[PDB]
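Here we start with a single chain on its own, the form deposited in one PDB entry, put down as structure tokens.
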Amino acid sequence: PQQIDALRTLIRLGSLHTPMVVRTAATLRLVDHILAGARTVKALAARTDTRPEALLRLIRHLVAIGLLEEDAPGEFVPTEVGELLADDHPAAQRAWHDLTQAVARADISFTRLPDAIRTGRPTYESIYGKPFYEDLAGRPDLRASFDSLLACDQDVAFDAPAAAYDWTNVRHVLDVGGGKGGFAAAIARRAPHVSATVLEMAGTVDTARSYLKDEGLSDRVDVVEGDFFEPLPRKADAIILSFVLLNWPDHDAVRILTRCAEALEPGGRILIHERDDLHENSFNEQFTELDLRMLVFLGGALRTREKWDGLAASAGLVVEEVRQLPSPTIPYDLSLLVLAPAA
């Protein structure tokens, strides 16, 4: 028959057990345990304290989808795909699929995706009892997990956007929602004359300060606890919004942008580090995974290039320049948008 391939494709795409099998394997650290020598069901069950027959049934699906393969009778090893769940693999896919860590936990919000399409509003609170950042505020362990997921490569992940801007006429930088300070730190190393301030929430400010202390940068990058919907704590020649605005619906993103514009020194610029696909180029899996996560986690949104033009104008700004940022590590297209005050 001719629709057999189509039927197989639809069933795979619609399968909820397959991603949960991947995330279960990640959460149980199965691939790590296999690499450390536990190749049989009976050894792996003892290492994970799972029930042996139930673990075999999980492993069977892991083989079926090509993450594991049966080497010898009853002995399993990771494939090239499965090896990506090793804890120290540079793409960090084990942690990003670990159900006890903040993002895969938040992905359970997708079980109520019909509600989010009807309302345009997040479903996270309906599952976990508080909106996303309030939940993180009440669970410092999840706050720390989220911060480390985003900041994993922060020793070098922010080098490209910091190198993509000319800091010669910048004296003070304000990184609004600046995470653990990785972006501020990368700017400080590249532009030694610059002083920087990180504005962040409780909890995150402490690991930011602690990170900057380890880096020897406390004298050049300070950390302020605060709320970026309130007046910003100081003015700056460059104000950074790195993976901030996508957390927020249009009206909140305009309020944040407005606060930033109000805090700009003369000649200053606002720097947005995010995606900016043209609408025509946005029908791709990288854009939609992040965009739909922002919907169900937060009620935020990724913005196409067209929408950035509109959002800037609403905040009194113009898009002066968009710099494409190289990710020759793993292809994830990101941009640095440079916004200036409108005429």
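So that the term is clear: the rigid core is the largest set of C-alpha atoms that superpose within 1.5 Å between two forms. Residue numbers count along the first chain shown, from 1. Compared with the form deposited in another entry:
- Rigid core superposed between the two forms, residues 298, 31, 58, 317 considered: the one with a C-alpha shift of 2 Å or more is 317.
- Once both forms are overlaid on the rigid core, the distance between the two CA positions of residue 19 between the two forms is under 2 angstroms.
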The other form holds:
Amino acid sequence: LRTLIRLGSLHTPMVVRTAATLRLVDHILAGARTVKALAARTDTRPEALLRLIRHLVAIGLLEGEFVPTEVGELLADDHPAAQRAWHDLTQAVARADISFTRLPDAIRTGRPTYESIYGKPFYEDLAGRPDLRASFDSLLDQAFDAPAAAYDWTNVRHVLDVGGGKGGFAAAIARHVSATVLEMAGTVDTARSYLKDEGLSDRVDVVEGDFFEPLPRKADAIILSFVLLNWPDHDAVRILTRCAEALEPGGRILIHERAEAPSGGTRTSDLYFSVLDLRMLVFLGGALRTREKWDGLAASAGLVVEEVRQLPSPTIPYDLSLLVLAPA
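What does the same protein look like in the form deposited in another entry, given that the last one was the form deposited in one PDB entry?
One chain, no partners, no other molecules: that is all that follows.
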């Protein structure tokens, strides 16, 4: 009974997320240990903040003066795992997680619930909210060293990174190759700034546009890193087809995502990837795909999976893959 109640408790994660959002652990580490000072710094009502703190003590994140535990220290804004931002309700991902309150609808329909809560589908909501666009892009350790090392660039003149975020993958590849990042409004500006500040602006450019439209140029390698999981099969096939049509002769499409058999691993990795797969369902109608589902998606786009390079890791983000696709 205690196990079930713990698994089912909605209050504990919302208390953690509220503490992250209020930056409570940052304020304590900066010398606000008392409720009166912490209530001033967080702009909260002191009696209610103490009731929040009581739960944070009960679950082991805090211990009239309060300090973080070793686990609570991970909510410090400068901790390398960045768990404060990933739990911050004002930033894109924990905000999107509220969509899980309508999880029954998503299981009933297979369709995302984010629009029903926030008024627009995911990327269109970000397009109207520059703060959320920027926090989404910053949330997504630019992590691309191993996938860049898993491909032979000898015969590659130009790389097109489709949906390439702030440009970290293109940069890892750059470190004879030139590259282009294709991205959405807003994101293109932070990609350009990142690439300039890496000293790579003469090797990597950035184009604003829509990867459902004809791609801006041809390339020898076209990258889809954590893109296709955001889309249902029919959209994923459209993106793959745009990429296929943009390949130079002998070119390849590189997919950087999860591509395992549905077995193996541990309950810990099972859980971690269950969360990602369910986030794609609820936020976007997308999904993680097994190695076998990749074969079918590829065939619908006129492609074949030529090779799957394993990118192992026993710790988060665990084992990933680089799939290499060629025209069929």
